[PDB]
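Removed: one protein chain of the complex. Kept in place: all other protein chains.
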Amino acid sequence: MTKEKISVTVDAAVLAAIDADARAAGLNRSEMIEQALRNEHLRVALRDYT
Amino acid sequence: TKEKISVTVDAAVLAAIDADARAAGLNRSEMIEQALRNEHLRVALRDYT
Amino acid sequence: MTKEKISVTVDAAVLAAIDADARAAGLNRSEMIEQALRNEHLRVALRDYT
Amino acid sequence: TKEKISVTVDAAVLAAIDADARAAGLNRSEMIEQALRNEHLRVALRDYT
Amino acid sequence: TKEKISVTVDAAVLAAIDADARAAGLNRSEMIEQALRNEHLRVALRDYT
Amino acid sequence: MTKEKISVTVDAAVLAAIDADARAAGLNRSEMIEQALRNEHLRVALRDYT
Amino acid sequence: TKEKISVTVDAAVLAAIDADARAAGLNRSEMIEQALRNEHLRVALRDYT
Partner (left out) sequence: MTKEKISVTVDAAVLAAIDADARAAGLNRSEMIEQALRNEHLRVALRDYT
């Protein structure tokens, strides 16, 4: 299960909110971002491929 | 206003998100922002009670 | 609704079978291949992103 | 035994399949073959009766 | 020109005909048409006289 | 001896001819189609598996 | 032609299948037959090898 290190630019309020959610969930930032991306991919797949 | 950050993410998930971004006419940063804004809502979904 | 023309190499028996399914469905080859690809993407999303 | 063919497919679907192929360690032709083999089974799924 | 019909046939025979169709690059309806056209000839085979 | 009910599309002249054969043989349509399919499977087996 | 059998199945799955049957105008046995016929196709789905 390999990983890539990437640089991204994100709205400061969006970032602060998901950082607060990461803390509540006991996740670090990269772990909560991965979770968000996995769920968003599923959102898009269910919307566009059903 | 916008912050540049460095994160480490699963390579397969990143390739999938890059393809979803292309379909949407977005770049990677925009698609990641879409995901993070929606995830703040999804983590609040609950079972009763 | 943009499309791309591509060249692909496919097993002849696999191709003949899905061409027969396309004929039964009233689809041309490209339409049936598109259907197969959409459904396969959903297969992979449900397997790996749930 | 293998046939080279030309087909025209939705660009968003192709990008999604390319990313699924990368995740699987496959090239485009192999992932397309996976999809076509499986679709021959899926079209036979039915409701009763 | 072509007629859509419902028929009830032995399940083992149907599975065999489906596999013969696949081998021939045909779908079920085409293989059934092959069989029905040929059976019109076979029923006319005779012993002397 | 289980059976399956199926929908198929057949050339009208081919169907009319085998219906006329069914009547001559005292068979209903499904019985004559089953006979045709059994004999065709044997045709293919003798051609391809001997 | 049809066999009567006794099986033990998760109660939540059974309730879900009962509701799907009602939606389809089927009884439990018919919806279970739909599922078993389709599952014989699904277990044959594969990744490229």
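Note that the chains are named A, B, C, D, E, F and G in the order they appear, and that numbering of residues resets to 1 at the start of each chain.
The working rule: a contact is a pair of C-beta atoms (placed from the backbone, for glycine too) under 8 Å apart; a residue touches a chain by one contact, two chains touch by 3 or more.
> Suppose we count only contacts with the excluded chain; which residues of chain G make the list?
On the chain G side, contact with the omitted chain comes from 1-14, 16-17, 20, 23-24, 28-29, 31-40, 42-43.
> To test your reading of the contact rule: which positions on chain F touch the chain that is missing from view?
Against the missing chain, chain F presents residues 2, 4.
> Please identify, in ascending order, the residues of chain A that touch the omitted chain?
Answer for chain A: residues 46-47, 50 touch the chain left out.
Methods note: only the chains that are shown with their structure count from here on.
> Between chain C and chain G, tell me the centre distance in angstrom, where each centre is the average of that chain's C-alpha atoms.
27
> How many angstrom between the C-alpha centroids of chain F and chain B?
Their C-alpha centroids are separated by 57 Å.
> With centres defined as the mean C-alpha position, give me the chain A-chain G separation in Å.
36
> Name the residues of chain A that each touch 2 or more other chains.
Expected reply: 38-39, 41, 48-49.
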